[PDB]
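Only one chain comes next, encoded as structure tokens, the form deposited without 2-tert-butylbenzene-1,4-diol.
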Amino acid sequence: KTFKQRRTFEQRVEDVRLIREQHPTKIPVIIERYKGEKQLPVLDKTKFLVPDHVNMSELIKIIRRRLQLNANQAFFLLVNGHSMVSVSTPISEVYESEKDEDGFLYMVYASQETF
């Protein structure tokens, strides 16, 4: 069902290396709905190429636009399994400290802060 489950470690590594070659300015991001999640919809895809200069605050705005949320629906984003310490950090910096061993940056969203 989940991305890590659908693709072998070897396959995720090779795909990160292709994005390096073909989209060298992009951060490879996996974005997944919390398996408990009731309110928010699922995204139309799993794998996102994010411009390495956007900060986490702008990535939250991007995802909320992709879900076509309205102003008072709540949205919480975990990165590498934990809360974001700050939304002002550029994604190139967040990537270097929170990337997985396969080379993707893993995110999960929910309407509850209690995931």
Contents of the next structure:
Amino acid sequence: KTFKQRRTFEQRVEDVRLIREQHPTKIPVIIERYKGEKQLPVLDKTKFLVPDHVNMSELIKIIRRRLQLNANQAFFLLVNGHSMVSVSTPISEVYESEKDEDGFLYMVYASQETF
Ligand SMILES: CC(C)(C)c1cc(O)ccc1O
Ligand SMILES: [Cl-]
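Output the form solved in complex with 2-tert-butylbenzene-1,4-diol next; the form deposited without 2-tert-butylbenzene-1,4-diol has already been displayed.
Up next: the whole complex, starting with the chain shown before.
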């Protein structure tokens, strides 16, 4: 079901090394629905190339636009398992501190704060 499940550490590592070569200005982000989630829909895809200059505030807006939400639907974004300390931080900086050993940046979303 989940991304880590579907691809070997070996495969995930090699895809990250390719995105480096072919999309050097992009952050490799895995974005996944919380396995509990009742309200929000699933995304068309799992793996996104996010421009390295957008802050987390713009990445939340992007994904809310991808899910086509409206003003009073709720959306929470976890990064590498925990809450974001700050939405104002650039995704280049967030990558360097929050990346996985495979080289992706893992994110999970829900309508509840209690995942
Ligand atoms: C081919 C390319 C490196 C651009 C790529 C894009 C993507 O969304 C997922 C995997 C990839 O290797
Ligand atoms: Cl690029």
